[PDB]
Each structure stands twice: as C-alpha cells, then as structure tokens.
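In the form deposited without its partner chain, a lone chain appears below as structure tokens.
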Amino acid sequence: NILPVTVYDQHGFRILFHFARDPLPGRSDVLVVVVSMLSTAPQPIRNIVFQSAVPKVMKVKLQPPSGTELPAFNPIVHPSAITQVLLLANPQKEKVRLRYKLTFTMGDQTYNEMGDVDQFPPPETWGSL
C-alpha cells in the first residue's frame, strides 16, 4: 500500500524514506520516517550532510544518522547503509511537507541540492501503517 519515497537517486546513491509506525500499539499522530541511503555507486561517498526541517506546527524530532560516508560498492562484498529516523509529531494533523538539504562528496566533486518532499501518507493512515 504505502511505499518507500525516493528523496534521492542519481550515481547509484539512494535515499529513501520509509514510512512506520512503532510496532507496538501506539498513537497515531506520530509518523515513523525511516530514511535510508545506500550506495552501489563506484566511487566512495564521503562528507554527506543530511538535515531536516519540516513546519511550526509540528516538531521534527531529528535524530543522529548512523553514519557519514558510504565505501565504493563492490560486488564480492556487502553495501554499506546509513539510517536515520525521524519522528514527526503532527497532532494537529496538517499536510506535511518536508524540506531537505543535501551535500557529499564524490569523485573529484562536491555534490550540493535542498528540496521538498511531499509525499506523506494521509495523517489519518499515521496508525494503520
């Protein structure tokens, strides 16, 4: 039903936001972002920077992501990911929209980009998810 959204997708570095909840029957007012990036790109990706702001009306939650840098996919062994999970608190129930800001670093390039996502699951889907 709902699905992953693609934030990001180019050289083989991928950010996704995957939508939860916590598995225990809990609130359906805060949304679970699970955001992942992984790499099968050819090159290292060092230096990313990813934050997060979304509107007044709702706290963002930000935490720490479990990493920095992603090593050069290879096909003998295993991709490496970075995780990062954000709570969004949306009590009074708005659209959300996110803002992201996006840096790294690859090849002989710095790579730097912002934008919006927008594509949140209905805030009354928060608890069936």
Second form
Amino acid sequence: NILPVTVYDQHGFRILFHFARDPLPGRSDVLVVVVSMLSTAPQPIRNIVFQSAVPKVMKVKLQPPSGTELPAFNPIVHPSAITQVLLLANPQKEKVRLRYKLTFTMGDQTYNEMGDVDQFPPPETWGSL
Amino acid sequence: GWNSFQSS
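Condition change, the form deposited without its partner chain to the form solved in complex with its partner chain:
Every component of the complex follows; first up is the chain already shown.
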C-alpha cells in the first residue's frame, strides 16, 4: 500500500497519509506516517485537531502539526499545507487498523469527523523504506 | 478492541 492514501476528502479539505519507516535501520516495527493536508475551500479552515487510535497490540503517537489552519483557497499562489508526523508501533506484526477523529471550523460551522484507515503497507515491508 | 485516541 506504498502509495499515498487519502484519509479525508470533504468540503474541499483533503488529508493524505504518506508512508515511511525508522530509525534503527535494522528494525521493521515502527511505521513513520507524514500526514499532509490541503484545502481548496473558499472560506478558511481553522482549529484543526487530528487524533488517531489503534488496536491494543499497536501504539500510535502524534507529533505537533506544522499548523492549525489553512487560508481560503487562492489558486493563483502556491497552496498552504499542514504537515504532521505520526508514529505507529506494531512490533507484533498484527493487522493494521487506525481510527481518526478530525475537528475543524469553517465559517460558522464546526465539523466533528471520524473515519477508519486500513490501507497500510504490510508490517513485513516496514524495514524496506 | 482499540485504545483511546491520541493527540499532539
């Protein structure tokens, strides 16, 4: 599942997961996930909180995001992008399932979103970067 | 099942 997975796509707010692994070269237990976010929306999106959960055999860890908001889309310029790292410990090499909780505000509404991600690269190939 | 959700 090497290619970038779209975790979220509504109201023109997209969140993708990008896959990698570290840090002992030797090991194949921790997956690095860079989660990138772009907006195409006409009104800006602010107060972004992305949470994640995993099954009891695994462990997830969310580093602070590069930011918390995105401007109204201005197609003329380079788009703004939020980027966040998350680390997924799974030494038992069990099946990979993740459940996110997305929170953001756009105009006067506040979206409280939840979804499942299952398209992870199989734990075997985590050593191979 | 699974653990609780995790924040930043």
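Just so we're on the same page, rigid core means the largest C-alpha set that superposes within 1.5 Å between forms. Numbering follows the first chain given and starts at 1.
Asker: Would you say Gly26 moves its Cα by 2 Å or more between these two forms, aligning on the core?
Answerer: Yes; that C-alpha moves by at least 2 Å between these two forms.
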